[PDB]
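S.K.: One letter stands for each residue in the lines below.
2 protein chains.
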Amino acid sequence: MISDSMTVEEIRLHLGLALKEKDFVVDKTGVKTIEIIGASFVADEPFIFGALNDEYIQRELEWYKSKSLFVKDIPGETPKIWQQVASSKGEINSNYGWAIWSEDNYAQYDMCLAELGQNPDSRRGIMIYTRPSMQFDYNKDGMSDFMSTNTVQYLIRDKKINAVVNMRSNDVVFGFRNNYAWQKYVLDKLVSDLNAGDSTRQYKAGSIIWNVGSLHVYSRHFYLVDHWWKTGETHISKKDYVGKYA
Amino acid sequence: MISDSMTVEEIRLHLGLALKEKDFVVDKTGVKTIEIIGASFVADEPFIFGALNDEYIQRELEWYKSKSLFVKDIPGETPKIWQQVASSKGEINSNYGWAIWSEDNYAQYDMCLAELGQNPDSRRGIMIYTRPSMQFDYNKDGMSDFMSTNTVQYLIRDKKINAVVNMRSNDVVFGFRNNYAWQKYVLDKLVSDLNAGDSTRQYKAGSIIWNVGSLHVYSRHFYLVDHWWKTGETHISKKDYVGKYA
Ligand SMILES: Nc1nc2c(c(=O)[nH]1)N[C@@H](CNc1ccc(C(=O)N[C@@H](CCC(=O)O)C(=O)O)cc1)CN2
Ligand SMILES: Nc1nc2c(c(=O)[nH]1)N[C@@H](CNc1ccc(C(=O)N[C@@H](CCC(=O)O)C(=O)O)cc1)CN2
Ligand SMILES: Nc1ccn([C@H]2C[C@H](O)[C@@H](COP(=O)(O)O)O2)c(=O)n1
Ligand SMILES: Nc1ccn([C@H]2C[C@H](O)[C@@H](COP(=O)(O)O)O2)c(=O)n1
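These protein sequences, in sequence, are chains A and A'. A prime marks a further copy of an entry chain. Using the entry's author numbering, the first residue of the first sequence is number 1, and each one after it goes up by one. Using the entry's author numbering, the first residue of the second sequence is number 1, and each one after it goes up by one.
Just so you know, not all the hints are guaranteed correct.
Since the list gives no way to pick out one identical chain from another, each pair is judged satisfied if it fits inside one copy or across any two copies.
Stated by the list, open to error - Mimicking PhoX-like on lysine-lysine, the simulated pairs with C-alpha atoms at most 25 angstroms apart in a straight line are:
id, residue 1, residue 2
1, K238, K20
2, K22, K159
3, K89, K230
4, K72, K89
These are computed hints drawn from the structure, not numbers from a lab.
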């Protein structure tokens with residue numbers, strides 16, 4: 001329930017407990033992960049662990065605005081992770097701007113805006129990112145990119161627009177921070193676009209509720225969890241870290 | 001989190017509180033509803049409010065097995081609700097057997113079974129019910145049937161298969177009971193099919209985690225919530241009910 005959810009601080013706690021208990025799950029790539037299964041929490045902070053990176057977030061936003069399905073179109077030197085999951089032609093699936101703004105994905109943003117504009121109380125205000133053909137599209141031309149965001153639903157209650165984000169899979173360190181920045185962007189845009197449609201509406205952004213099948217940390221970031229466990233600091237440079245996960 | 005979720009009994013409590021507070025939300029059809037927004041709970045009981053109806057549940061299962069998109073194919077006299085939301089030709093979208101078993105929805109069940117059969121720890125085991133074109137398909141030929149189940153993800157941890165059900169919209173009285181029966185059916189089938197594939201697996205059914213954008217009761221069922229609020233009885237016949245919601 002929206003008003004009675006876990007917080008990000010409680011998510012940190014449960015991830016710390018999973019590491020302490022050595023409750024490891026082996027990733028498809030062979031490395032260890034720790035997870036929360038069926039996570040559900042209000043994103044009351046914009047990160048869980050790790051450093052800020054407004055600069056990558058702005059690059060990702062421009063890539064999303066371009067709607068390009070090719071990773072080289074990310075501004076600047078495209079990150080190694082995107083080069084690795086891309087197809088033989090540099091193609092991917094998970095351009096979230098394509099997902100919500102392309103006519104080839106059935107105009108998710110515009111139809112959600114139109115639905116809520118005609119019925120503010122509607123339960124049908126949703127942006128549908130994934131697709132049934134993803135069962136075969138996730139490795140087209142050799143890519144490795146099964147859509148992780150499934151749907152985001154928008155529910156206007158007491159003049160606040162709440163976003164229910166439904167994710168299959170979310171990396172705690174980079175994925176959550178980037179995805180949170182993106183979902184908050186879309187929510188603020190929907191609030192603004194609805195308010196611009198009619199000055200009587202006077203909507204505000206509500207809560208972003210994060211629901212994840214597997215919310216996980218890769219072994220290469222266990223040091224961030226361990227350092228926080230010991231100190232309460234949500235970030236440390238890998239250079240400065242002292243512990244058993246170097 | 002799977003191990004630290006709300007229960008059905010807590011869902012009843014919060015629905016009772018919403019009714020007592022008269023926190024009403026007007027349905028698209030004009031009637032009042034009460035809701036939990038962003039509900040997330042373990043389905044530790046197979047119903048919330050209302051009487052059992054194994055007989056309708058078995059009829060719905062046969063309809064799902066047929067994969068028919070036409071409501072007359074529901075065994076017996078098709079319920080009035082299905083006649084009302086169907087198209088001019090008797091057609092709908094929400095045949096969940098079509099969703100997971102039709103090749104026209106990209107073989108969701110079979111691909112999820114194959115994914116988990118090759119990698120038990122996979123995060124990509126999912127059955128995708130809704131589709132991006134639902135933004136236009138929900139009222140094809142005059143129907144009124146926007147898919148309410150978005151995705152169901154299956155995560156095998158400690159040899160238990162957990163189902164994370166992601167729903168846009170769920171009627172507490174009929175919808176949840178019917179949908180729970182269906183999701184438990186699919187989960188038990190996936191457990192059985194995986195175990196039949198390899199006797200070393202020895203999987204068991206885990207928890208079914210229910211995540212709903214709007215989990216709601218229509219005004220025509222407020223009497224069930226009110227009676228439970230006053231007595232703790234999860235059912236009463238409309239005839240026998242005494243109260244302000246007759
Ligand atoms: N299979 C796999 N696929 C993935 C991810 C993963 O984990 N594994 N991660 C998902 C989330 N996307 C990102 C995007 C950027 C980065 C990243 O690494 N960012 C650097 C910048 C990198 C750079 O600019 O060179 C930073 O410090 O912000 C990580 C995950 C995308 N797909
Ligand atoms: N817009 C709208 N669309 C809906 C529902 C709704 O609420 N409103 N409800 C959703 C869930 N499906 C059902 C299926 C059956 C019944 C129902 O009514 N069952 C009777 C049997 C009816 C009969 O056999 O005649 C019983 O007592 O079990 C209600 C919702 C389907 N779509
Ligand atoms: N928006 C996204 C997309 C992907 N990922 C991460 C989650 C997983 O770490 C990986 C996808 O791997 P899989 O498809 O095996 O879940 O990418 C993420 O955190 N956020
Ligand atoms: N599997 C389903 C499908 C539908 N519904 C109910 C939820 C809503 O009461 C209605 C759909 O209306 P809307 O599309 O306006 O949410 O049907 C449900 O409870 N379970």
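S.K.: Now tell me if each hint is right for this structure.
M.R.: So, going through the hints one by one against the coordinates:
no. : hint       : result
1   : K238 / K20 : within (19 angstroms within a copy, 53 angstroms between copies)
2   : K22 / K159 : between (44 angstroms within a copy, 17 angstroms between copies)
3   : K89 / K230 : neither (45 angstroms within a copy, 64 angstroms between copies)
4   : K72 / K89  : within (10 angstroms within a copy, 48 angstroms between copies)
Going through the hint list in order, the structure does not satisfy hint 3, though it satisfies all others.
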